[PDB]
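K.L.:
Chain by chain, the residues:
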Amino acid sequence: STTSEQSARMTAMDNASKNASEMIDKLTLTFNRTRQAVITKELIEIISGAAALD
Amino acid sequence: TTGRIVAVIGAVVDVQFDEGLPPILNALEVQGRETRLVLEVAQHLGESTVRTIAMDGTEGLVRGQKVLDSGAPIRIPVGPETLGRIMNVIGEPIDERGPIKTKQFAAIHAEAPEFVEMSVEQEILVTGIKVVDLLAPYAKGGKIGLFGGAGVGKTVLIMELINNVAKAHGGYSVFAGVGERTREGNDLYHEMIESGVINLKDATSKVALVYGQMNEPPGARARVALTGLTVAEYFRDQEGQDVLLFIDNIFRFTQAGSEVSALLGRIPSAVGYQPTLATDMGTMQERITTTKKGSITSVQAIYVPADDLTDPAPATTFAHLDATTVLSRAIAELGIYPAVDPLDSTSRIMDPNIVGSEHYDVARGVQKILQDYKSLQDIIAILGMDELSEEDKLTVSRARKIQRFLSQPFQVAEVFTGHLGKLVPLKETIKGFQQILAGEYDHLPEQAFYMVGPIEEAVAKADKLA
Amino acid sequence: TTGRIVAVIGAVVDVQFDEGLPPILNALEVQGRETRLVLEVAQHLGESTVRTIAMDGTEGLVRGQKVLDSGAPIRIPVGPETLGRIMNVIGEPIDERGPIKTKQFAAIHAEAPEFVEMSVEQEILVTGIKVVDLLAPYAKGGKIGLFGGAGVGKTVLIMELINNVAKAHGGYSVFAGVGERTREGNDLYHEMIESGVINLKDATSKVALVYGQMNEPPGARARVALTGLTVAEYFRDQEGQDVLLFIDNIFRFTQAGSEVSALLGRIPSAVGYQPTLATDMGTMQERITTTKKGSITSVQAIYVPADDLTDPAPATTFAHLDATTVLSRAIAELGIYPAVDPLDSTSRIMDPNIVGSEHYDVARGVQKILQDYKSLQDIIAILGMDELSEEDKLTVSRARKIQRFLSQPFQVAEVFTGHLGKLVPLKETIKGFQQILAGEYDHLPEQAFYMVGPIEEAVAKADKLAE
Amino acid sequence: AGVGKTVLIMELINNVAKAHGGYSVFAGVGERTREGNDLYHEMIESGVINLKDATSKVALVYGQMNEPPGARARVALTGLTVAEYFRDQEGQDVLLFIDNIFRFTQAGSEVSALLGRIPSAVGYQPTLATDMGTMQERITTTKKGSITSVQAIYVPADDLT
Amino acid sequence: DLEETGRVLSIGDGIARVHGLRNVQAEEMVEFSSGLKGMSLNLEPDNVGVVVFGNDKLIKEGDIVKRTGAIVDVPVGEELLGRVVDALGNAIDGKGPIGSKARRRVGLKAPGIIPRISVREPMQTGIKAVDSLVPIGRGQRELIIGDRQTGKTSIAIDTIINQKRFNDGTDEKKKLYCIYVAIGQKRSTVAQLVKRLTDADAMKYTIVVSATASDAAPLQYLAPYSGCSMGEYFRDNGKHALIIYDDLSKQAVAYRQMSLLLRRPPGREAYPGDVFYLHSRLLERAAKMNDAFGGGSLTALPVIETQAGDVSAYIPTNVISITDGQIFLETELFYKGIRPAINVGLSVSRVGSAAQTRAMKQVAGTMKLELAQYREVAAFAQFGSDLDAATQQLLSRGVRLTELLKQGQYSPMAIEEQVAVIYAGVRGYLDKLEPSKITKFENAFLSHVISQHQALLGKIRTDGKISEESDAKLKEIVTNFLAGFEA
Amino acid sequence: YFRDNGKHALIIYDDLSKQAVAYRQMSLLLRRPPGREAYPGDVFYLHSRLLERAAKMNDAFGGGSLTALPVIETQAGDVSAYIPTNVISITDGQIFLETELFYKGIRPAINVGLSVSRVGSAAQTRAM
Amino acid sequence: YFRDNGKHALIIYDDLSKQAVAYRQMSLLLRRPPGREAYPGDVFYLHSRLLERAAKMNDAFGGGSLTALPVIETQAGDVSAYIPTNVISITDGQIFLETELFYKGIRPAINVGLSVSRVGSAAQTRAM
Amino acid sequence: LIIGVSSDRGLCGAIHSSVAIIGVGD
Ligand SMILES: Nc1ncnc2c1ncn2[C@@H]1O[C@H](COP(=O)(O)OP(=O)(O)NP(=O)(O)O)[C@@H](O)[C@H]1O
Ligand SMILES: Nc1ncnc2c1ncn2[C@@H]1O[C@H](COP(=O)(O)OP(=O)(O)NP(=O)(O)O)[C@@H](O)[C@H]1O
Ligand SMILES: Nc1ncnc2c1ncn2[C@@H]1O[C@H](COP(=O)(O)OP(=O)(O)NP(=O)(O)O)[C@@H](O)[C@H]1O
Ligand SMILES: [Mg+2]
Ligand SMILES: [Mg+2]
Ligand SMILES: [Mg+2]
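The listed protein sequences derive, respectively, from chains F, H, B, V, C, Z, Y and P. Under the numbering used here, the residues of the first sequence are numbered 1 to 54, in order. Under the numbering used here, the residues of the second sequence are numbered 1 to 466, in order. Under the numbering used here, the residues of the third sequence are numbered 1 to 467, in order. Under the numbering used here, the residues of the fourth sequence are numbered 1 to 161, in order. Under the numbering used here, the residues of the fifth sequence are numbered 1 to 487, in order. Under the numbering used here, the residues of the sixth sequence are numbered 1 to 128, in order. Under the numbering used here, the residues of the seventh sequence are numbered 1 to 128, in order. Under the numbering used here, the residues of the eighth sequence are numbered 1 to 26, in order.
No lab work stands behind these hints: they were computed from the structure. You may find that some hints are simply not true.
Stated by the list, open to error - Below, simulated EDC-like cross-link-like pairs (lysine to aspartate or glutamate); rule was C-alpha separation at most 16 Å, straight line:
{"hint": "1", "chain 1": "F", "residue 1": "18", "chain 2": "H", "residue 2": "47"}
{"hint": "2", "chain 1": "B", "residue 1": "427", "chain 2": "B", "residue 2": "361"}
{"hint": "3", "chain 1": "B", "residue 1": "368", "chain 2": "B", "residue 2": "344"}
{"hint": "4", "chain 1": "H", "residue 1": "368", "chain 2": "C", "residue 2": "330"}
{"hint": "5", "chain 1": "B", "residue 1": "368", "chain 2": "Y", "residue 2": "73"}
Chain F extracted, bound-state conformation:
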């Protein structure tokens, strides 16, 4: 029962660690696209307000 449990935890925790790693990449790339877009959108609002004057 335990030999089966320890190897099944090995398999599960290896696979969990792999999934975590792949999700970290996905989230990091989501983070960065969002980071860039927030800067871009804020700047466009400023530019738009400025150009609309006088």
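Chains H, B, V, C, Z, Y and P with the ligands: place on chain F using the hints.
P.N.:
Chains H, B, V, C, Z, Y and P with the ligands in isolation, oriented as in the chain F frame:
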């Protein structure tokens, strides 16, 4: 009388008139072009000068060039003789078959039907497509929109609907190509000649085609939807007839408007769009409608920029629809076709009093198991299905079978699936999902439910495997 | 001297003068109006033209309409006779009780007290609210800010503070309603008449009211905070006595400024705000202060647009405070009221040398256990509670009880909670959290700690939840 | 920091001269004055700069942090021009150090802003690619010789995209 | 003479720039040569900027523009009841001209402090979750908010349909006249809505004000204010009105268009700097009046559409920061079968129990905090670990109440009926039932008390409370009924 | 020239990502209103009018053709970005090359599952 | 004055985030072009001019010093915002403080992992 | 008499579920 060009930037041409000023929406004719160049009056600038939008390229235009007022908005041929013909944005034949000799013409700008003209009739239009028929069914004379990012399946779906619907239909159809692929127009045209729905020899054609594709400058892309609608309006009102209107792709209308708004020098709104995005859309959309006078079943493909459904263009389009089919790249990438998001597609006729309690309950049942499945996705992503409780594993396993049974081989996509196309009667769609939900197929493998028609094909498929 | 309107766009009115140009900040009176319409000079445009902000609606104004320079900024009634009364931005009575029978007036614009005028005295002001008194206590004569997104509890908290601190206050109070709900002004007015804090038939009133709510155009909303604080400045400097100043909501001052900023011809700063956000705020806030002449305990509700505390408006407000109470939608959504974030609320006097080491140690202990739990939450949401040592899961259970013991039924919130209001002495607050930390209630159910007053009620609730 | 960058730079300078007979140019783009001073003296001690004879192996070009945007934007081109002499006139394989290339891009962005040009995505200059390209393309092998370039790169927000 | 008239300098995108009109007032309605009307919004030294109430093809450079000497107004009064009008009060239902005999200005400032009194009378929606957890009183503003297709309009419709019960009576104090403002919607949708109200026999006490997607932006901008004024007629004459603004997201988009085209520089998210004030001045006009002002009221249910469930966004928080509470609907709850799809923790009433009958206050007293804590504890529990008796009880109760607060559409419930069902849950009679049988229980229980215990229901209604006698009678009914349902 | 002379040409646009950047530079300097990633609203049309010109002509027009292989550079495999989706929404399919496969020495690094040819099946020999 | 007279001075700028806000106000109102976060193109130059004046003088110049401790306020931990990025790059090192560290009981709330001093050991006694 | 063997600890896939009045392992 006559005016002179004073300014040109892309699609935007300013024209000064010395004697009498043309009203907004008037079609002007540029003098001395090898092909007709129409400018549509958009604004009065002051000092006897109008700002206009060109319906074709403005290369070769010179300041001082003469422009004539036609005394009306763009007018196109409407009626029986448009059937089997292809026209452009300004109503010219582009099929090399000569004049379209209609007895009537109609301006492409017309006011939307008024509140008093609205029909409240609600009646199911069965497509034979399981996801749609079950979860978000189409209505006869209703407004249908097909949302999707680049390459997810909008056009395949509209083509399958033309196959499934536009033959069990005893009226007329209009297809408007708006900002899409010219070769897709060539494909459709020649396919219809082959099938016979366009007859080149007799007066039996039942479809009219109007095209202004992604090779066209923005004024043409912005107005060609109105050209198509106008052809549809004639058949709706003057023949009263049951009309199908297909548009691929209405997003291109709004995008084209963004291109011109940049040149019209307006202050931009969010995401660089025209400030007039919603009213422009409203004035066009409100004409795409059934009235007490006649029925238009409209199916519009709706491109989703960067897969973002919150983009102002698709976001604003939702409120104009009676039924939505929302496609998903993630679902496509899992191999589920049609790539419909079963939890983001809706229909006004999904109502127990319209579809019956059986249909309604099965649909809600399906959406409940799928949402329950979705709510477990964070943990499954990290730890997998094995870490879930008995109860949760049952819902996950049933939901995965339901997900797969929502997929379907389309006649139009046989090359890409390798499966013969299937059309599933409505009662069979209800029965199959009813049975899965009840646990009648808990013993059958997931893959047995993938890319089949009726539930019997899933059973026969499961028998083959093991 | 006389001018004529030359432009009207929303609240922004341009007026041209043939002779003497009115200085910036001067109040101008529009002629031919049914009710008094004041324009405040904001800019000299050149060509003998000034740009102004209207204090009321600009509908009905015509180009050419006569405008008189009053020779001064907006001046309002100050003194004892403001007590029990309601005034608007320009000092007119809005309680239908006739004239403010004062013979003393003050301009709403004034210089901030100088550095030499500052007081460094700081002693605790007990509120009887557990979370505040324990973790981020208020100081008498100090600057208190209550931050929160829409609907998270700023006004309920300020109303409870009014209940616990102001109702038994021996000096004067000023409440400034700035860009908020008129319904809340009416609620408050009649509550104070009932409590006797305002008296309509004698001279015993202890509260002066000033209102310019969200039905008003931005000019009124931009200046009504100054009107309210000008009233308070009188009581601080001329009566001397201890003043309480409540402002709901001071964000509305900055927002009003952003509404007119573009029409004043400014390039925007980040997030649509006026380039002058910080200096405008500074000139206003630096007047809201205790000085050597007198004490003002100021409590300001501070709105947080889009729940983002980095929004330039609240972000810039923090530096102006001695104690900050930060509310959170993520906490309110759990039913934890008051919705104070225990890990984002601070006070100058949270110092072992000021509150004593016992108070400080328990507060820091509470913050540690809560931060430790917060950092674990997401890990155990995936890997499971079972993976934790008995040490970690002990601090999870304890932290969840501490979270709950931080919640409290307010007297002013009975219509929302269904529970009777509770006020908890500082000693009992300290004792209760100390005991939970020490593991003295590890045997009790989580829920016994939720929505009670003193720790004895948690014990009592534990028996009630049994049978 | 602490990873032996300056020693590696000086050894590269040393090795290329010793083995190829090619000189180096160091362009400090956004140079911290303290670190410019340190580098100079470390180069004197290592012997890659000689103050007593003509045997120095590097030319230094400093555009310090306290200089205006224009100066910091152009100083890489100054370094480039010194390097181009050794390639195009003396047929050498030249080393050009740019420390650091991000502050080149940053100074270009500042210059673009000051000239009132509308910023592009993430606030960078609309000419980001062309500003980079016109500088970079000068670093190359030609028929006369070559310029090879080591470029210290800072990565904003640790975002490689 | 260019004092009383002017000439169009330019026209484009619904904005006319007009030379002259020296005597025009800010916000005055003017009339063009063709008959179209417009509002003077920008008074500039050399021109007037006029927003056009119609199609600009009907205006040309050189056209005369004439003063009206007046601000916009609308038809007002009981003759609008059962009618569909446009933003200016013109009939669009084909049933003839509106025989109203009073006019009211569209742009009037909300009542100040003195003319009001605290919200104290129930405004029953007939929706269990709303009436119990986030109750609405007469004079209150309560936002309905959520993504597309979450059931927002449906809350407003059922609320309108609920008033029939009172409106059929002769007690005018309990009556509630209804106003539905459609902004930016498509005409066929509004038509389907009107049909629904007509089939429920609710149209007779409802005014529909419609400024649809192809109506000019100024008209969509104006429609909420126009409907408001129609509601204020009731408010100021000792009657009670309810107004729905469906929706204010589309109104803000219309206003953004006009403002940008008037060349007013944009702020955050391209909306005008004063988009807050757009909504605040409108919603402030929903109020409860004191007795001296007639004791009437106007209650508002504005609607806001979120994107991807983000209640924390700019416009959403703007409007939450105006209203006296909000009902937040979530797509996840909707698809799980929680309908109405109300997120309890994120929804609030800022009037609370003061807006409830004593009977409802008795059963629902602590239920909202309870349900918010339930959801917190349910999330913490998820995995099968060691939960004590007290948390398991809390989870058991919360699951069963969540089921109890589910409801179908188009059958709004009388308050006494709501009270009877909530009673079964709150007193713990459902605790040992399977969660999936709770809906079945309620359907059977309700229909049983309706059929066989009209006296008990009538008494709870009349008394407006649960007497000790009613409490005992309910106890006998539920205990025996439960014993039958269980086995 | 070849297409309309009854001959067959192939054109590679290497690459359109850089082209769009150059066009964005021009557009921002022209002070046109930026949108997504600061690109102008006509950035779709920039590529659409170009790629529409690859075509197969009927025999009456000479029967010639122009085939286009535009190239797009992604960032971190993200096909859902603005310019990539624009181009996918123009072309008749894509060959997706994957960093992970390339690193593993799977070369050509083609993701078969995500690659599509929408119209190529009708132009594949029976033998293949 | 101390630095140039053979003496040693320490200056604290509390804080440079507020100084940059003041300069942005003036810049915007002078209608200078706005950039990222509405800051002007010379905002880096603003702080670099200031921070370079902190120095260690050689013995030939008297051997005095000026040490600077600028303060920067971040928003929600964003060390990569515009003004933080500027001053981070300008300085010889950074002491990073964090809220979660503070409330966990790490006070002073220094993230030792991220904090850096490029001067390092050279500034340390043998004992340390 | 059955009576079912596994363990106290999770995160081992289906170990517990595969085997599942006493029972060894929590
Ligand atoms: N129902 C389907 N069955 C099988 N494959 C499909 C299906 N729908 C789409 N595909 C695949 O996706 C490709 C593109 O489909 P299509 O319907 O042209 O997408 P779209 O959304 O119209 N693309 P675009 O117009 O470029 O934005 C097809 O060539 C198929 O390879
Ligand atoms: N202490 C509390 N106890 C119970 N319920 C509360 C408490 N505080 C707030 N609530 C609930 O949340 C609602 C909003 O609280 P309130 O103090 O009015 O919000 P606010 O932060 O001032 N929002 P706003 O004025 O819109 O910026 C109240 O009406 C109650 O329903
Ligand atoms: N309590 C309910 N029970 C069952 N169905 C409901 C309920 N409430 C709403 N629905 C259905 O949910 C769908 C959406 O409801 P609706 O009132 O149109 O929401 P909405 O958010 O206003 N949609 P939209 O404005 O079109 O984005 C409709 O088909 C309703 O019939
Ligand atoms: Mg397509
Ligand atoms: Mg408040
Ligand atoms: Mg709706």
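K.L.:
Take a quick look at whether residue 368 of chain B and residue 73 of chain Y sit within 16 Å of each other, Cα to Cα.
P.N.:
violated, 24 Å
K.L.:
With a cut-off of 16 Å on the C-alpha distance, tell me whether residue 18 of chain F and residue 47 of chain H pass.
P.N.:
violated, 70 Å
K.L.:
For residue 368 of chain B and residue 344 of chain B, compute the direct alpha-carbon distance and say whether it is at most 16 Å.
P.N.:
Holds: residue 368 of chain B and residue 344 of chain B sit about 13 Å apart, inside 16 Å.
K.L.:
Just to be careful, I want the Cα atoms of residue 368 of chain H and residue 330 of chain C compared with a cutoff of 16 Å; is the pair within it?
P.N.:
holds, 14 Å
K.L.:
Does the structure keep residue 427 of chain B and residue 361 of chain B at a Cα separation of 16 Å or less?
P.N.:
holds, 14 Å
In the structure shown, a violation is registered for the earlier hints numbered 1, 5, in ascending order.
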